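Missing here: one protein chain of the complex. Every other protein chain is in place.
A, B, C, D and E label the chains in the order they appear, each numbered from 1.
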Amino acid sequence: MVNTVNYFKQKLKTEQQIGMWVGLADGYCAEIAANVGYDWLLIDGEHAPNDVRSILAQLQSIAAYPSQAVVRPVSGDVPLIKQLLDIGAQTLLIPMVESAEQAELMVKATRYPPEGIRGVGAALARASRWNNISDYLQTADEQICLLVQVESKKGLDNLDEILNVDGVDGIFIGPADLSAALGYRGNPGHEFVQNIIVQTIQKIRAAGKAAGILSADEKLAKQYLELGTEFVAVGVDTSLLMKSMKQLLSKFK
Amino acid sequence: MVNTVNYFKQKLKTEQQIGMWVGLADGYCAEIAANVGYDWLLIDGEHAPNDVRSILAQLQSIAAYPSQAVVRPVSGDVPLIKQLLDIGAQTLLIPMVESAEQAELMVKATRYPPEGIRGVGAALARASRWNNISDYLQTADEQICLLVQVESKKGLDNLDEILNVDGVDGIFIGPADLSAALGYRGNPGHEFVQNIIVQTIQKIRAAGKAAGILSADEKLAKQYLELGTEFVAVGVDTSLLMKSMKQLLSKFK
Amino acid sequence: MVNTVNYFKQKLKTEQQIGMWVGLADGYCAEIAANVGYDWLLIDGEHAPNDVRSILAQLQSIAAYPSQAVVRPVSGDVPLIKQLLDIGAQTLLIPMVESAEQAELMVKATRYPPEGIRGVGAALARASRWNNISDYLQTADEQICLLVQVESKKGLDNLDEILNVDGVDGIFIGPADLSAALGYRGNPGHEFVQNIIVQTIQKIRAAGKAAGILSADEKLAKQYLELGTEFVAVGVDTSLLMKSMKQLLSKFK
Amino acid sequence: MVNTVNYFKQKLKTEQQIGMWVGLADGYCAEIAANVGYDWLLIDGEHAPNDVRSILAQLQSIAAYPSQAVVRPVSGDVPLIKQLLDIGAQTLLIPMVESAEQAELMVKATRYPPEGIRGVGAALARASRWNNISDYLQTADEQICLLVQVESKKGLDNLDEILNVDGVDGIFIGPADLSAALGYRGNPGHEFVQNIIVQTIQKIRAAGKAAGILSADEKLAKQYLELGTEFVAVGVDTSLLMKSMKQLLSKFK
Amino acid sequence: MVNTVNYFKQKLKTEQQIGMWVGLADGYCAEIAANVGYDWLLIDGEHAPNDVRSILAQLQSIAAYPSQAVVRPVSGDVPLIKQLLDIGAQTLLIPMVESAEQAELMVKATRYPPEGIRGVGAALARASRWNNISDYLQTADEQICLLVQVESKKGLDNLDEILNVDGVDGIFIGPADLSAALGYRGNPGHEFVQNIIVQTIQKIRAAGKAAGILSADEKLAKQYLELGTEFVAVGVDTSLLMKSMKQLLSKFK
Partner (left out) sequence: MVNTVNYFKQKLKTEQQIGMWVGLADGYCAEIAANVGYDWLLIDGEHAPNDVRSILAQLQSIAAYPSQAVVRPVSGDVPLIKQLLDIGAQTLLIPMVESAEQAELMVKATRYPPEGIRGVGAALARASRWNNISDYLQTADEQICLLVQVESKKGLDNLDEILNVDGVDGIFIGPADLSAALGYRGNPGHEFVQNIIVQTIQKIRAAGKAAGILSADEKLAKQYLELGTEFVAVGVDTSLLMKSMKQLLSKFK
């Protein structure tokens, strides 16, 4: 076998990718999302009740479909990153990155020694298909994509430094965490927040990195797409399930 | 503790109850559905990948919420009915009931001896709260509700006989199974099928039993409500998840 | 490896075995029970939320301990009996056996062809340890023990006939199901029920079969032991958990 | 989406398909098997500790790979067949089929009314991808493959009648169950058994049906392939795991 | 919906709350405990085999009952605290807190920015009921209760400083960990240990914080209640299961 191509990583330089947040934490729910035709599915290890085993189940579900899997771990924990890479997550979104030093550690966490600190266990990994991908240890990093979240004042305070870290492919803006950090908790739509978000996207693209964001607001998501944002998540499965069931009940109260 | 009141059973004679089909087969997904405010939630053991243990998890999720749980077993299997009653399902929807003889057996499957054939195991059952409901064996049947599905030609051929079975509280019409049985598979909206459905509802109500149905077609569900149908399911969680995710993506293709 | 010796089966002719009912339906809870030192543990597939996979987990937990496992399936279903024997259950307790014909079918369900109708799949079975027990197909029935429950009027009406079925090792009396069948539901302690139970135990032992019963009443269990009853369960894990927690709270209300 | 093509069904008339038995009962173990390149993988619901939910997990694992999934239910149970078809199993292997009457019932169990008795629940089914395959109810049977097992004397006594049932695509010979049925339990390699197996394969192919078999004996599997047998399973995952680990330990004792 | 009121938090100033330790690590076992009527149930993530997903199941089980859930994470890990708050745990018990600096970090871990460092993900959280609690981000901290454990010499060495940390609602004394720290491992009943425990309880209450403790010794628990200790756990589900089963067997040996 040849390594699974990371089409998400390739498309960061070629097109705008439309994303769905997957927080239903379940292989069956992930499969339903995988049938829709999103460019990418974010399997949320930070804000949905997921662990390594439930994330594997959702990777296996999604693998039969063209949608690309991106995994968010609960934090930039180097041993957890090792685990998520070995179950075969090729794209990682690290929350709350706040310095070039932390971003560089996340780069190393995704690369084998001697260049990085990724633990070597290819015989056991779905990532190498249990060594059925015969050159995995030589080729693996070619198909690994590292994304970091800037979603705090310290992140924005270190934005230019993070954007100069080789091996950070993309910076993703978290409007919920960022708006809270700016004293506008629950109000990311405020002009003060939006102006910082737009300027941040412009600086990310000016440094030649992919910019990303999540907004369930269609008008905001379209504006971010108009600015050239490379990876835009446009909704959340738990939110769409709850809203569609409420909207239906309201037709009958 | 006193037995859990079956408000679904009580409301069959007092109001029209709006239902959501739950086929996401998961305690977390059942909890999301429970937050919406449907009168009843159908935990589908027939057409979703559920077993006794997954149905228990969804009963436990839903129990904290006013929505009433109704469980559909895969078939009118007497030992499976015993299991679903012991985990505390108070309302059952039996598929593909086709004779008064079978409807009578389903009544007995829901009642303790000497009147019925429900197996006795109160010490172990969530239904008795492990005997914390101290008079459970004397009071249990008062809060059990039996619904049967008429959804085949043989069902319709035995409708008057099923409607004279004491202890059948409601007859639910299955438009997918019935339209297929009538040679209109995938086309329940056909006049031939709808005239049979309307007449069946009228006959159910004329015999003093509750009529029920599922339609994801808003206009059909409203017409069934105008005919006085007591329990109408208006949607399915898997369908609402898939449709809402497709509708969202099409705003961005 | 040699087949696991069924010490429960051997002890039916040599001693009185003290049993605990296991309905907490979980490998961790079965392990706690296994540490106590009961002669036997009944893994309840009829009245606890168990399936083949949860029964297997509890067999694996209990296997490290001297307590012998007995499995009760939800009904005398021949394919389920096949499944439970292949995961390695050596003793089965069949509920609600009501004729010699049914008891004979249960004997056959436990024996390989050409004598029986047990399906042959030793390569896949924990029962053969995946053929690591090299003569399993020749020796298996030697360590299989069949118990049937008499717990209905039809059972008592067929008692002498069931007691003449070769390969039924034991008849277990179900006081909850039997007292209900006799119109004394929730009142097995009634003299009318107890006289029938005592005569039934005497008839079982006079036919040279093992007699069994469950009573959480200490005085009743001791009387059954004084009558020579070979296998007596004296309590239920759910009941002991709930009672011990209620008794503790009442010291502080 | 268009229905998933059943390449196993198509290849019954075009090539000889090499099969692996999957009894490790686990989505992760199924995925390892799926990477090898077998024509087909038999997910064993009869002799491995599987239920509908574990079979779904293994279908989802295997779906990303060219290996075709075949599911064996525990018995020819019509409601269980309904469940396995709805989770999207396109090929079923029914154990212990013994008459044309039972084989015809298995055909109907796989077809929608009005021709068959398959329960209609497409909105909820992975089989229709939750109605994302828009014509599923019209096209489904085109990609459904029914295989039946002849593995008893009554089966052989009804072989010519089973082979005249339209909609039986293949007859699979079970050498373990059949050798036991013939009084050669654990000795399928005996000439008396092999001569019956060869004659049975010849009669299956002469009636224009696909013949199938499992043998972990390489010489027997090659002989069956030389006779023109269309689907040959050549090993079992539990057996290969145990034997490879024993063979390795013996190099070091 | 309005936020779930934290009655445990309210009752810290109004009454003495009787608690049960829940380490059976299972939704079914947590439900049995919830039926007893304890003021609070401690879901033990530190010393029972629990993870985020098993804690969620137990929160769902307990939610239908008046008993208030308190969750103990394995350590004061800020990302894990984030996960446990998002699945809807409103009261946390942090083990082995040893400084005001650590206690202050635990306060921040429980509060949204800009005041705290709790990660913002309300759309995905059971805590907000997937935003069905419409003002969750504004009101959440009102119903969050932080308890810290003092159970080491360094803890006692920093007791006055921890007791001056605003947002620590309660200090829980761990007699097993503390007695071990004092060189009296397995001997918390020693006078040297008890005098330190009594003085610690008096100092906690003098600083206007709630004092808590666990003792399975009835005499010790009653003395702690007489001292005015606000939250006293009086037993452990694993201990009561094992003891009740041992005590029963000993009546029959």
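In this section, a residue touches a chain if its C-beta (ideal position, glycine included) is under 8 Å from a C-beta of that chain, and two chains touch if they have at least 3 such contacts.
A.B. asks: Considering the complete complex, which visible chains touch the unshown chain?
C.D. replies: A, C, D, E
A.B. asks: Which one touches the absent chain: D:38, D:65 or D:112?
C.D. replies: D:38
A.B. asks: Even though one chain is hidden, which residues of chain E still touch it in the full complex?
C.D. replies: Missing-chain contacts on chain E: residues 21, 23, 25, 44, 46-49, 51, 54, 74-75, 77, 95-96, 152, 174, 176-177, 179-183, 185-186, 216, 236, 238-239, 241-242, 246.
A.B. asks: Just the residue numbers, please: which parts of chain A touch the chain that's not shown?
C.D. replies: Residues of chain A in touch with the missing chain: 51-53, 56, 78-80, 82-83, 86-87, 112-114, 119-126, 130-132, 137-138.
A.B. asks: For chain D, which residues reach the chain that was dropped from this view?
C.D. replies: These residues touch the chain not displayed: 18, 20, 24-26, 28-29, 32-33, 35-38, 49, 218, 221-222, 225, 232, 234-235, 237-238, 240-246, 248-249, 251-252.
Heads up, the rule we're going with is that only the chains that are shown with their structure count from here on.
A.B. asks: What are the chains that chain A and chain B both touch?
C.D. replies: The common neighbours are D, E.
A.B. asks: Where does the A-B interface recur among B-E, C-E or B-C, taking recurrence as more than half of the contact pairs being identical by residue number?
C.D. replies: Selected pair, repeating A-B: C-E.
A.B. asks: Of the chain pairs C-E and A-D, which one is connected by the greater count of C-beta contacts?
C.D. replies: Higher contact count goes to C-E.
A.B. asks: Calculate how many whole Å lie between the centre of chain A and the centre of chain D, each centre taken as the average of the chain's C-alpha atoms.
C.D. replies: So the centroids are 40 Å from each other.
A.B. asks: Which positions in chain A touch two or more other chains at once?
C.D. replies: Residues 25, 28, 32, 35, 49, 238, 241-242 of chain A touch two or more partner chains.
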